[PDB]
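Chemist: Here are the chains, one letter per residue:
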Amino acid sequence: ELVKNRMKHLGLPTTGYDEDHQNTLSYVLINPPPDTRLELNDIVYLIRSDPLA
Amino acid sequence: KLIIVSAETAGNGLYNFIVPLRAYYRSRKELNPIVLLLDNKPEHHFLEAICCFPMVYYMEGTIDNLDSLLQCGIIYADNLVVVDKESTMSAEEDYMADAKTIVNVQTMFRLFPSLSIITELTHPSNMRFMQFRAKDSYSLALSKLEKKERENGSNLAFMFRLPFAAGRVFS
Amino acid sequence: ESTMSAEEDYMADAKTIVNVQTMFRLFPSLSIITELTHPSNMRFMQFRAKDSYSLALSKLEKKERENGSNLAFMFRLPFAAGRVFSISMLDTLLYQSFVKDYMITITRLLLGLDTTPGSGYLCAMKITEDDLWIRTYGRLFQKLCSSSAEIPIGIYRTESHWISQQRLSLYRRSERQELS
Amino acid sequence: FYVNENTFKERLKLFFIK
Amino acid sequence: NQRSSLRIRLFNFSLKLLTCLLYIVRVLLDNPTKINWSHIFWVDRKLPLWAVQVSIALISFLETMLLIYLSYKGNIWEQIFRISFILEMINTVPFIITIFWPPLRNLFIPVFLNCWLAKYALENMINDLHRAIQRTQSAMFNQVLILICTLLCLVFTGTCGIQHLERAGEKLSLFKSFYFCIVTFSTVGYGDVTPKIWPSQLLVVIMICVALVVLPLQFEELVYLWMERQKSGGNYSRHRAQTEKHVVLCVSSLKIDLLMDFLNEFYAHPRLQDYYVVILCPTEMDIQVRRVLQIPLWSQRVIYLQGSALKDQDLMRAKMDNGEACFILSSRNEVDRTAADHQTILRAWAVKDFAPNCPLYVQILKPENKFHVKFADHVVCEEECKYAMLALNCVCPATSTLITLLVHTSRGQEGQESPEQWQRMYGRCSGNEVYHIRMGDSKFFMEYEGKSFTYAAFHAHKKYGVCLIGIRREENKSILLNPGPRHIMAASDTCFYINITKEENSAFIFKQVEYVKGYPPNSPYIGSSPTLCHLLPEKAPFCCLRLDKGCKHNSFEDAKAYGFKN
Amino acid sequence: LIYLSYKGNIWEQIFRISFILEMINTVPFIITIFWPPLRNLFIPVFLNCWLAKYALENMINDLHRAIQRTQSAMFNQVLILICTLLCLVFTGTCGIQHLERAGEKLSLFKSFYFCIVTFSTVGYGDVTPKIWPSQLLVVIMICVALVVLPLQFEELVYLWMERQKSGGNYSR
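Residue numbers (the entry's author numbering), protein chains in the order written: chain A, 1117 to 1135, 1138 to 1171; chain B, 774 to 944; chain C, 859 to 1019, 1098 to 1116; chain D, 69 to 86; chain E, 87 to 118, 139 to 618, 720 to 773; chain F, 173 to 344.
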């Protein structure tokens, strides 16, 4: 309610305020073995090739 | 989704933020907008450099003022980027060097749990104050291991501290 | 806030004392609610050339502190009237809160900060010449409780304890006449 | 003060210590 | 290594003491103008006492050989010319010579210098414990242990040395040399025991020069470490903490103004008198506060320990996890307000991370910082309460005084000796204090269950003289200050009342423009209490708030021109 | 006194120095009541000197309930520093006088001469110890003297010299 009241003061829509709550442990595995299973929403780091060459 | 950055002055370091973000190898539709929230007004040495890059803006105020943030559009913003402010760098104790950056992030942590944050600290000793709750489940458990690691002769003791592994903190 | 930080206790609240002392002489009818950082600066608050109760009240509170009293400054006259108040006076609140969990919540309900739906508030009924009909505090408890469902905590008493003509007029003019 | 002050212990405690 | 290294230090340390121990044995066992140098060189040692020292010498000789191979970094002259190696080769190599040569078993070897090699083992052993880096209290005691060894090993070398040379003439025992040595180092000089031989004279000349340089520096460094542990150090032990009660006080800098108000308040209660009050504070012991802690009462009770609440080592000194309370207090009269409050938030988080089960009592100055320590059990904002008193002092006459006297715990024995009428009754009524007891349990409020709250309040004050304030229900956690006639009492309703003494203690009484009501939209801080405040229908402009300059709305320069009623 | 200030741990109170010096002195006198031949047996009652000092420190600090007394704090603290010097000498005199009975029998005054000479680091050797126990006592007494006494004098001089600059009272 503190934000939504202040949004109307500034003159902004409070439609997508919630879009919400977080409780997730997180970490980074650098160069694992090939047998390691990949879970859902596991963001992998990628060294891309050159776009031009 | 928007990116938003916080700093004391718009120095030549913040040019070096925007260069690797705005790159030819990055996709055009992927291009995240940038908003540099600043305490002091920026000079023309910065403005002429940043000018050429696309959809990058600046705004006055602080992280402390909730009015300043909501104008910048932190609700649908992907990443807040709090940076060590040059005035508060110099301090006698380790706690008072980064007290205000910790407390202002702690309000943002409660107000906007969806909002991902990228906080800075001068010392890694202030890691324990970053994200705070009344749970204390992994707070004591992770502290036990890193203290035992430092006794064994480990380089990376702070590694197991949870905020660091997630990438939310960096020094 | 600028004058809060100081090395000595005197220079922390010097200017607030001296500026109140002018207001005390200029406007004696004007009631004041002064603040002090330390209660050590109580003795400088209201000042006169009488010194009747100044030494007498100082004798008792020094003897109280030897006996092992919490409230020594109590008997100092400015405090009892409510003219003075300090931050260190309700620092005791937090230390009392160990034995009594409720103590903070009940204090704020009296002050009117954390007001729940079913709550009260502090009021002030002055006993005028009409109210002298009731003589005792016990009989005052009856009328307030029975009629309007009010409960009293305590009471606040106030006991009694051109050339020729122009030149000579300014010379005989007293200090109170100058200030007016 | 019946519970605190008026006891066999605290009579002696007031006499010796307090 | 940590574990594998330390055992080898203790192994060498024990062997080097064993050689010196075997030297004490042979002196006591083996006993017998010109100087007889025979008694210096030739020494009739026993074969078993010899053989054990040779086996120890071979082990310690090989340890120095092996250690060179490990830490050889170019220069061998760097390792050989050191003192630890020279003292090894003076002692151990002659024992190896006695294996090959059969007549040299009786020849003297100064094995007593292994005392200093044992000290070099202890310094090497002790500093293996500083891989954890931070151990401030353990650093002081273990450093003192080495300073004691230097004093003993200097005496041991002196005793043995002088006892050996005096064999030539005026034959002293081991104890007479110890008497002689400690007298000469102390600069007393009795001359009861003396040296009268050419070598022994020269040794005592050297021993005095070594003593007068080293020993005074050893004692003054010993006293420095000993006296620093008094101010800085102090550990609340496990044996004390587990059995006894225990409370902590986190604070930036203590004073008499702060401490005496706390100690008198805390120990005023009967059930709290057995507790122990530990302090945590970064600054050192003040001159004023040291007199208060020296008093018999607070000498046993209070334990001042230096160190801030943020570092986890200083929390292990106090041992908060065991204790039943952790008071945190903001530094008033500091150069910056916001920095002081930000520190108490970090202290609160430092305490909660280490010890979650402790009930966190906290004091903060500014109201905006309340939200960050709202997780804590009990919070007292100074700014919120301060300005609330002054607001009530406008409506009511002296609420500032009213609240101060309730919270300060005292009893009715203040100003009774004074001659004035008001002053006796004022100090008696100052003893009043808020309490809480259930209906059914309370002897005050027995026959008042069916009747209302208001009815009970009169009859309580009429009979006993104990007025009620409010009630807490079983279901509702909230306190309700003065219900009217609607609230009927129950069996288990917590009655809050004001009395000089608590019921359970007090047996002596029994025997003897329009406005619109609404919540203000813009709260300037996060954790704020919403209330109905007679709001304006229209939201006023910023110009109309100022008096000095009359804007285009109501042009009034001074406050008298407005025409304020009341 | 144990019944009054018992707060969980009795090991906290028994292992203190004030209690140990009590049990060394007073308990043997209680044993002589039950046992009739032990009246002639020696009890080192002289250590009550330090128990009297512990009483004085406990007595003096009852006057700091008024908190502020700056001039009285300096004189009464000096009085304790004088007691430590006297009680260290008294324990030395009595101790050395007792052991020297075995051989070379000194009087009470000769031991006082002997003690104050040994603490001062003069070492005349006019009076000396020549017995196995007495030798070991003097070795201990010098170690206690050379650590304590210089710290006592320099703290005594600190409090004495501070009263010159800071102190000074215009009398009645």
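Rather than coming from a laboratory, the hints here were simulated on the basis of the structure.
Do not rely on the hints blindly, as some may be mistaken.
Claimed, not checked - Under the rule of at most 30 Å between Cα atoms (straight-line distance), these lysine-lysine pairs were calculated in the DSS-like manner:
id : chain 1 : residue 1 : chain 2 : residue 2
1  : E       : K557      : C       : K958
2  : E       : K767      : E       : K756
3  : B       : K873      : E       : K772
4  : C       : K984      : E       : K277
5  : E       : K480      : A       : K1120
6  : D       : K77       : C       : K921
7  : B       : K921      : B       : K774
8  : D       : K86       : E       : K617
9  : E       : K617      : C       : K958
10 : E       : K417      : E       : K480
11 : C       : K917      : E       : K361
12 : E       : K608      : D       : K77
13 : E       : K351      : E       : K302
14 : E       : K608      : E       : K492
15 : E       : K480      : B       : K908
16 : E       : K583      : E       : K617
17 : F       : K179      : E       : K302
18 : B       : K814      : B       : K774
19 : D       : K77       : E       : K417
20 : D       : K86       : E       : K472
21 : E       : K724      : E       : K608
22 : E       : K472      : E       : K492
23 : E       : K472      : C       : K921
24 : C       : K873      : C       : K920
25 : E       : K361      : D       : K81
Claimed, not checked - Partner residues are not named here, just some residues of chain E that face chain C (Cβ under 8 Å, in silico):
id : residue
26 : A374
27 : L586
28 : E721
Virtual Cβ for every residue (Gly too), placed ideally from N, Cα, C.
Chemist: Hints broken by the structure, by number, lowest first?
Modeler: Violated hints: 3, 4, 7, 13, 16, 17, 19, 20, 21, 23 and 28; rest satisfied.
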